[PDB]
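Put together the whole structure using the sequences plus the hints.
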Amino acid sequence: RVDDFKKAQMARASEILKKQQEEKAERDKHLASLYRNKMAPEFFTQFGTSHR
Amino acid sequence: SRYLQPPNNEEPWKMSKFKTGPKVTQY
Amino acid sequence: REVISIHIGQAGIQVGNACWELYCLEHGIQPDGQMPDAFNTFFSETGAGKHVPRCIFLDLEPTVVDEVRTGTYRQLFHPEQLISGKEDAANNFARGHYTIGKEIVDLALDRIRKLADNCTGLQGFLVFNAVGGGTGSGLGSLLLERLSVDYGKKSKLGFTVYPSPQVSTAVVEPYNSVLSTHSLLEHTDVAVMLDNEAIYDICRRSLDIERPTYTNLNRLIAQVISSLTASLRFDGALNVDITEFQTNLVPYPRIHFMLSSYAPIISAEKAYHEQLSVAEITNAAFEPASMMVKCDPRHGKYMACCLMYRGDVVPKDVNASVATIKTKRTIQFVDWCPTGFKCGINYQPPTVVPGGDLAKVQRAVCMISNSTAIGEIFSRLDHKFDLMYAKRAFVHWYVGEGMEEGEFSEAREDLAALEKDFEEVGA
Amino acid sequence: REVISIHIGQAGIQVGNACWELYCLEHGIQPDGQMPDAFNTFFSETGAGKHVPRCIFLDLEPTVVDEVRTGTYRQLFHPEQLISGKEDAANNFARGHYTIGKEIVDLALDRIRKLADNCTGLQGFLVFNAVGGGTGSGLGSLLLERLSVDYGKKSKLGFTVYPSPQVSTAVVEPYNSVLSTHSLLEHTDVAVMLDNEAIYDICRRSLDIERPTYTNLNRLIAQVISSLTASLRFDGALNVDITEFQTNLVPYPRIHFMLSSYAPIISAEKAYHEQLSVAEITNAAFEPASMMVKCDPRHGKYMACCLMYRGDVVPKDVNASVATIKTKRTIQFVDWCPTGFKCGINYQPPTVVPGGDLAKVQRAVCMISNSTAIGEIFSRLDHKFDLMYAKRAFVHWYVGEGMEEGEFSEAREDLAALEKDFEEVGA
Amino acid sequence: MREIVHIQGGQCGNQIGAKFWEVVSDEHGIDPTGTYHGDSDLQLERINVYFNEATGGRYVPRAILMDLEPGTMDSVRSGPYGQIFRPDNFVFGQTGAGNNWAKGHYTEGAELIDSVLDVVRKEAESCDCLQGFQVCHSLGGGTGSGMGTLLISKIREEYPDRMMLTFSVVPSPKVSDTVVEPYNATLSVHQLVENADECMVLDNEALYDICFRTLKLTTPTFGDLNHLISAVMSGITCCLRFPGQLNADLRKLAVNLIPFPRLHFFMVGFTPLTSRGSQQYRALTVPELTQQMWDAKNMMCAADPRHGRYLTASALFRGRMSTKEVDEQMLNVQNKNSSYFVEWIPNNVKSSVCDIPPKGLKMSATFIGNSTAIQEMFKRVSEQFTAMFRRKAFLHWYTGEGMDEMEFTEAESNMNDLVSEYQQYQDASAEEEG
Amino acid sequence: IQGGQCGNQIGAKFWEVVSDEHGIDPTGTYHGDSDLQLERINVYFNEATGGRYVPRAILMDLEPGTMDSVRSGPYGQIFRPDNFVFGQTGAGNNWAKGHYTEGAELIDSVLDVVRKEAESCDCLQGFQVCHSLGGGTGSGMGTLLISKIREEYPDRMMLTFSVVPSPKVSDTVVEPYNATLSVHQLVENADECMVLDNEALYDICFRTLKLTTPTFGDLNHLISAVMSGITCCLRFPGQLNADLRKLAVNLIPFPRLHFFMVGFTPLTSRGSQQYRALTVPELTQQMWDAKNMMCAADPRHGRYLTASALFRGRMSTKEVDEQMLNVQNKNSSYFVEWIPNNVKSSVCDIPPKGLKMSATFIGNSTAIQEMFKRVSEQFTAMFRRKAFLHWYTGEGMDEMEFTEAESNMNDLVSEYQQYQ
Ligand SMILES: Nc1nc2c(ncn2[C@@H]2O[C@H](COP(=O)(O)OP(=O)(O)OP(=O)(O)O)[C@@H](O)[C@H]2O)c(=O)[nH]1
Ligand SMILES: Nc1nc2c(ncn2[C@@H]2O[C@H](COP(=O)(O)OP(=O)(O)OP(=O)(O)O)[C@@H](O)[C@H]2O)c(=O)[nH]1
Ligand SMILES: Nc1nc2c(ncn2[C@@H]2O[C@H](COP(=O)(O)OP(=O)(O)O)[C@@H](O)[C@H]2O)c(=O)[nH]1
Ligand SMILES: Nc1nc2c(ncn2[C@@H]2O[C@H](COP(=O)(O)OP(=O)(O)O)[C@@H](O)[C@H]2O)c(=O)[nH]1
Ligand SMILES: [Mg+2]
Ligand SMILES: [Mg+2]
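Chains as they are written, first to last, in the deposited numbering: chain OG, 316 to 367; chain zc, 217 to 243; chain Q9, 2 to 37, 47 to 437; chain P3, 2 to 37, 47 to 437; chain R0, 1 to 434; chain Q8, 7 to 426.
Treat the hints as calculated values from the structure; they're not laboratory data. Heads up, a few of these hints could be off.
What the hints assert, rightly or not - Restraint ranges, calculated between C-beta atoms of paired labels, are given here: (1) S348 (chain OG) / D39 (chain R0): 17 to 27 Å; (2) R213 (chain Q8) / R123 (chain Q9): 50 to 60 Å; (3) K333 (chain OG) / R79 (chain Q9): 32 to 42 Å; (4) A283 (chain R0) / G59 (chain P3): 25 to 35 Å; (5) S278 (chain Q8) / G131 (chain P3): 41 to 51 Å; (6) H309 (chain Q9) / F234 (chain zc): 12 to 22 Å; (7) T179 (chain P3) / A428 (chain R0): 53 to 63 Å; (8) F234 (chain zc) / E410 (chain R0): 42 to 52 Å; (9) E410 (chain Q8) / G131 (chain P3): 51 to 61 Å; (10) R213 (chain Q8) / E434 (chain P3): 25 to 35 Å; (11) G131 (chain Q9) / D88 (chain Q8): 16 to 26 Å; (12) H309 (chain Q9) / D251 (chain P3): 22 to 32 Å; (13) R123 (chain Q9) / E55 (chain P3): 49 to 59 Å; (14) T179 (chain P3) / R213 (chain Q8): 55 to 65 Å.
No residue lacks a Cβ here, since even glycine has one placed at the ideal position from N, Cα and C.
In structure tokens form, the structure reads like this:
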């Protein structure tokens with residue numbers, strides 16, 4: 316019974332590790348878009364707005 | 217030559233105030 | 002067995018955020034302040059169905075403090091424990107030690123007085139601060155001085171953050187580091203160094219995080235604190251308290267500077283294939299590649315050792331691992347310390363936090379050691395403090411706010427004497 | 002009983018890909034890492059249902075390494091064991107032995123340190139590399155030097171790929187081969203050469219494949235290594251482990267240079283048609299047309315010989331076959347070893363890989379002997395080394411990378427001493 | 001809490017202040033008519049540094065405008081976001097300095113600076129924790145240079161411990177508008193070296209070069225230049241108004257940038273600045289920010305740092321980033337170009353991070369360089385001064401109002417000792433003491 | 007009497023084993039079968055009310071952790087809460103705690119408890135102390151109570167099952183200082199001391215038991231079985247009886263020579279249990295084996311002054327005596343010459359439950375002084391450089407105490423050496 320308990324726990328622990336793998340892959344994809352710069356069209360309209 | 221240069225091991229200089237001794241009792 | 006922690010500086014209270022998140026998830030306390047009896051060492055049972063932590067977030071710039079007041083944990087922390095000023099110390103140990111500290115030191119001190127008065131089995135205090143800054147270094151030293159004069163013998167564990175050798179964020183960390191260590195030498199009971207570059211290297215190598223941020227660093231620091239506090243909080247085969255590290259790691263009053271290392275720091279993919287065993291996790295805690303301080307202990311001699319074991323660890327395996335370590339000559343001890351180990355075993359494995367990158371593991375080791383490479387660290391910092399002090403650069407700020415040159419000189423010579431102590435003891 | 006295999010260079014790790022494909026196939030291990047006790051010497055059982063090989067792939071260019079990382083055997087190998095550099099030696103012993111190897115050698119050796127720490131009954135190391143390249147020759151030799159220094163007594167077999175006499179893929183390969191052999195002498199325990207033209211001829215004649223490639227050569231080499239370690243892996247009527255190669259085949263400390271042959275190498279139809287008894291598979295393994303080094307043993311004298319048998323093999327038939335070999339005067343043994351055979355019998359027949367060309371065989375023979383034609387090979391290589399060294403050709407590359415003429419001259423005279431040794435021993 | 005006041009002097013100062021208040025009003029979400037109509041709560045928490053709540057979400061800018069001729073004030077009022085400024089903060093006279101430092105410093109400034117002091121003092125006491133004063137003006141004109149310097153002196157005399165920024169444009173030879181530019185500039189610098197806490201040197205040469213080469217605009221009017229300056233000021237102030245992973249107030253930058261009290265002249269730049277037709281081709285990463293930040297052609301002074309050494313440096317960052325990438329970029333740029341950094345100060349660079357980017361962007365950067373190559377501008381102005389002053393040129397316009405030759409001699413001498421001190425600190429021996 | 011973490015754990019296991027042996031459930035009620043169990047209950051238990059038996063034990067330490075761990079587990083409901091002598095500051099493996107910095111306010115309440123407990127019984131047969139030897143309060147409260155106890159009650163026997171500083175790897179860095187000082191007090195005050203160490207227990211679980219993960223549960227079970235074997239004859243009849251004083255007078259030739267190396271038999275693996283026999287020789291050969299003793303002292307390196315062997319079960323006394331004589335005769339060089347019949351045997355007819363036969367060994371030999379020199383050398387290395395002294399000297403005493411103890415430990419090495 317003790318051995319079967321160990322095999323159940325490691326199988327349970329392995330499932331958490333696989334789920335952690337998918338979560339980490341999601342975070343890396345999310346950080347790629349968040350940490351990438353990008354220019355909005357409203358930024359370029361700032362220049363050339365006055366004659367003076 | 218940058219790869220093959222020998223390393224150097226010297227203390228990188230301080231003031232002339234090297235005179236202070238340890239605050240621990242000597243043995 | 003209550004322990005209260007104080008967080009000084011913008012670095013201290015983010016570490017506090019991570020630590021208190023870990024504590025809340027580890028004891029099953031919801032962010033509103035109540036569970037859905048070991049919590050007493052960190053939370054105090056106020057009234058019925060409410061837990062308030064035993065900590066104070068104190069800082070000079072209030073933006074981060076009010077961000078904490080505004081975010082998720084509005085209800086957990088109480089607004090009287092979060093001390094915040096109006097103006098920053100501006101990377102000036104001098105400003106925060108003489109001008110602004112003197113008006114904020116008393117309020118935090120009489121709050122911590124009642125915080126300790128609430129405690130019944132008080133173990134000690136433990137601090138979080140970065141000596142590079144102005145608030146953490148400046149008024150942190152004053153708070154340590156007044157805690158020492160008010161209590162004296164109670165433990166004051168120091169988890170400080172020293173500037174990296176090459177990675178730097180400002181220009182005046184040498185002055186602040188020297189002037190803070192000058193008082194930390196004779197007031198802090200046990201101090202543990204923490205470097206930001208070393209944790210960066212660990213994250214790049216071990217956790218394979220390509221773009222890490224301070225949150226991961228704080229989470230690792232919280233893991234270390236929880237690992238060294240779990241034996242106090244949870245029953246184990248061989249449990250230890252806070253007073254161990256004073257007696258078993260400090261042979262002389264002026265030598266208290268401990269290198270920290272944690273094992274295993276491993277990612278989900280990397281933990282999938284390593285058969286975690288006490289032998290290899292003990293081995294990985296000795297190599298310099300897994301230390302939290304950018305220093306190499308191979309250049310020095312080990313003076314003492316403390317090993318913390320969590321999870322599925324039996325005394326047989328730690329005995330075998332320590333014996334095999336002692337037999338090999340890769341590491342060496344000083345000749346006047348034949349027995350330099352302090353082992354402790356705890357039952358509960360480290361809890362894994364959602365959003366953390368550390369993979370859940372069955373066993374882990376936290377190391378608190380003592381060697382003479384700290385003499386290399388201090389000399390390396392002394393070089394770049396000396397270069398600046400050669401031409402009296404930036405000292406006009408310190409002199410003008412209310413210091414004088416004599417304090418600079420005496421701190422410089424105190425670190426020189428500490429260097430001589432380090433090289434004399436290792437003989 | 003455990004063995005760890007290290008692969009150096011592009012050729013070394015392609016051979017490693019073939020070898021570990023065969024190893025996973027023979028022990029019923031899926032490429033993902035888990036089966037759907048013989049596996050111990052090659053794989054390590056971690057946690058529950060996951061096996062990790064006891065191997066390291068190391069190279070200076072990342073192309074083939076991350077091609078391996080991307081392919082089907084992604085989850086089997088794990089990111090720690092596939093060492094990859096940034097720039098290659100580019101067919102230069104000096105570059106990979108002094109400039110680039112010094113930074114990559116430490117990572118390989120302290121990965122090997124923990125690989126051996128995992129093990130408990132390490133039989134010894136075995137290397138896979140080619141001396142004609144830059145990475146496999148220079149830093150491979152450096153790794154062998156440091157391994158001999160650190161461990162010493164443990165076995166270190168060498169399966170090198172010497173340049174073919176007339177067939178070549180490089181120009182400066184005599185320099186690399188000579189400089190690698192100069193350090194391979196006092197460090198390699200048993201060296202088994204594998205030539206490319208010989209295996210090409212084997213494929214053209216035995217398997218009648220008009221257009222072979224490197225993959226077939228790697229498959230045959232992997233089959234040889236498997237038939238060589240099957241005695242450690244599987245139970246046999248008369249078993250023989252790695253340690254017996256040194257004692258039974260190396261009569262002098264500086265004469266460790268072995269031929270290799272395999273029988274039978276057959277296709278499916280020919281396997282169906284012709285019977286495969288012990289007699290002819292022993293006979294076919296002794297003709298020069300089935301050797302993996304382009305040398306003729308009739309020009310030399312057999313000093314020692316080792317025999318491996320797999321499958322339905324009884325000791326009486328191998329005794330009769332070895333007797334018929336001994337009495338036939340087409341091959342002559344030296345006077346100095348009246349009993350010059352080492353037989354080994356195993357029960358497990360060799361396994362077949364789907365998609366390959368070798369059929370399922372009841373019994374196979376892998377022979378490793380020692381002769382004097384090694385002197386012929388080394389003299390032929392030395393002659394064309396000296397021809398091209400006469401005009402100071404390509405020497406500027408080596409001198410610029412950090413070498414000089416002294417090691418060139420001492421390698422020249424060391425191969426001259428090897429020639430003298432091989433001539434005197436055969437008399 | 002932390003409080004910053006804006007002071008505008010002269011025509012150039014008034015236009016720069018108008019553009020700066022436009023961009024700040026857009027950033028904080030207030031409409032041109034003065035009421036709040038934004039979306040997030042982050043736009044309310046730290047508007048006290050620039051605005052006072054009047055009635056029903058009405059936030060009036062915390063500014064004091066200055067001039068001597070009604071045209072500038074009328075242009076400020078008539079423009080967009082001209083209905084937010086309080087009419088009482090228009091301390092003002094109606095005679096005009098007329099490109100005369102003496103007129104704006106002794107004859108006209110003497111009676112109007114008292115009203116200026118009344119207004120600015122009522123403002124400075126209208127807050128709880130004043131962080132510092134902020135002044136933008138010119139050094140070529142008369143009502144912005146002279147009266148501005150006199151206000152700087154008076155404020156420093158009254159409030160000694162408070163901070164003080166000066167966004168001052170300096171004349172340059174390739175574009176010289178008026179003739180008496182050296183006379184105004186030399187004495188203005190003589191005042192600033194003793195009164196100002198720190199100075200950020202601007203000039204239209206670098207602004208025009210940035211617009212022509214980097215922006216590739218067809219017609220770079222003063223609107224674009226004022227927008228660049230306003231973006232610089234906003235990126236300077238960003239740390240106070242928004243939470244971040246590493247805060248840095250003005251005092252923190254000053255103490256991390258000024259090694260000696262007279263070395264408070266900084267050269268500044270902004271990143272990124274690209275053309276709309278060329279923004280498609282370029283990668284958008286932190287290394288692209290840092291690489292253009294350190295470029296010499298991105299700087300906003302007509303002084304190449306390549307001709308000198310970097311004493312200290314600071315970089316201001318906005319937007320969500322990873323501290324790892326910022327720190328490694330700073331370490332790389334500091335270690336590779338080893339000859340351009342002074343030796344007696346290791347780790348010359350200070351960094352900070354903010355979580356809110358400017359409008360239209362997700363990440364940006366602002367660089368402060370305390371270089372010893374800035375004294376090129378001071379020499380380039382002093383040569384014209386000593387050439388003109390040799391035979392008492394245009395002198396009666398100054399001595400005929402109260403001044404003497406001794407003021408000019410003292411200004412020249414002070415400028416010369418400043419450049420000599422900068423030069424000596426540039427080639428100061430690395431490892432010795434006396 | 008139990009002190010510190012180690013004392014608390016071994017005492018919990020010992021009381022578990024003894025309570026099962028007398029047939030009382032963890033709730034404290036008798037549920038045994040034979041009538042032999044009741045007639046000698048009073049040696050360890052007191053009848054309170056309604057057939058409830060409480061142990062005659064004094065749980066006592068400096069921290070609530072060990073007490074909570076003992077109380078939470080099974081058989082934690084039998085200890086009377088009044089005997090829970092209890093501090094609040096902690097030990098931290100610190101000398102300071104345990105004779106002049108943190109222990110006096112507890113040495114007195116435990117004195118009251120042990121006085122009330124000893125006066126309750128009619129003829130107190132002796133005191134027994136189980137404690138650590140490398141800790142702060144395990145040593146401290148324990149042998150300070152031994153000191154005060156000897157003054158109040160000199161005639162009564164004192165037995166200490168001490169766990170000597172762990173031999174090859176050290177649990178505590180300051181282990182030499184704590185061990186040396188405790189041994190100086192023990193030589194003068196303790197009547198008899200059993201020497202233990204975790205090294206021998208780990209080796210026993212390695213080889214004889216072949217367990218994979220031998221936690222402290224198994225080690226404390228071994229120690230409790232040894233304890234029950236030592237104190238067995240007081241509770242049950244036998245063909246030849248021997249109490250504590252019998253062993254003390256037949257094992258201690260000189261007053262300072264009372265350190266014993268101890269083993270227990272039988273100890274067989276569950277895989278090898280099917281292959282061994284159950285006879286007196288099978289006990290003797292396993293008992294005299296060097297790899298079975300619970301101390302890091304090889305008997306082959308020294309001479310056996312006196313030995314004892316307490317047997318359990320229905321057995322022939324003639325076989326026991328002839329086996330003792332044979333083992334004495336064959337290994338004639340390891341027994342001291344001026345003293346014949348170095349072994350004493352005693353037979354009890356009641357074995358531990360589930361077994362037929364058993365034996366416990368007590369051997370006073372001059373091979374244990376090897377451990378004394380090993381510890382003394384470590385102390386001199388630390389004391390010469392005055393390392394860790396500040397934690398001890400500033401806490402309220404003088405270095406002279408350190409010097410006197412080192413000299414007496416040195417004399418103890420010399421007297422054992424004289425009879426080598
Ligand atoms: N490990 C770690 N260090 C931090 C973190 N945040 C800031 N620091 C360190 O703190 C040092 C400077 O102190 P600050 O964080 O700015 O706060 P401070 O100590 O009060 O200094 P002031 O700026 O004067 O307020 C820097 O050198 C950082 O390395 C963090 O989240 N984790
Ligand atoms: N038998 C066999 N030989 C190979 C194989 N791949 C490469 N080689 C040999 O390797 C030699 C050239 O060296 P490489 O392995 O390609 O590369 P390297 O050893 O890393 O040396 P560099 O290219 O200079 O870095 C050639 O002469 C080939 O004979 C292979 O798959 N099988
Ligand atoms: N950057 C910038 N420079 C300006 C602006 N207006 C004027 N200038 C410059 O200021 C100089 C003249 O200063 P002036 O307006 O007479 O200063 P005042 O007398 O104090 O108002 C000229 O060289 C212009 O190039 C402006 O809006 N922006
Ligand atoms: N046999 C055994 N030894 C123990 C046990 N617990 C602790 N020890 C030993 O006690 C020593 C440490 O003593 P310690 O617990 O610090 O004493 P304390 O602090 O006074 O309670 C170590 O060398 C351990 O080997 C246990 O349950 N069984
Ligand atoms: Mg701060
Ligand atoms: Mg290659």
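Against the structure, the hints come out as follows:
no.	hint	in the structure
1	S348 (chain OG) / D39 (chain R0): 17 to 27 Å	21 Å, holds
2	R213 (chain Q8) / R123 (chain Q9): 50 to 60 Å	58 Å, holds
3	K333 (chain OG) / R79 (chain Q9): 32 to 42 Å	38 Å, holds
4	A283 (chain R0) / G59 (chain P3): 25 to 35 Å	44 Å, violated
5	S278 (chain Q8) / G131 (chain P3): 41 to 51 Å	24 Å, violated
6	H309 (chain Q9) / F234 (chain zc): 12 to 22 Å	21 Å, holds
7	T179 (chain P3) / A428 (chain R0): 53 to 63 Å	60 Å, holds
8	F234 (chain zc) / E410 (chain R0): 42 to 52 Å	46 Å, holds
9	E410 (chain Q8) / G131 (chain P3): 51 to 61 Å	52 Å, holds
10	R213 (chain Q8) / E434 (chain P3): 25 to 35 Å	54 Å, violated
11	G131 (chain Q9) / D88 (chain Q8): 16 to 26 Å	21 Å, holds
12	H309 (chain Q9) / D251 (chain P3): 22 to 32 Å	42 Å, violated
13	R123 (chain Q9) / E55 (chain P3): 49 to 59 Å	57 Å, holds
14	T179 (chain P3) / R213 (chain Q8): 55 to 65 Å	59 Å, holds
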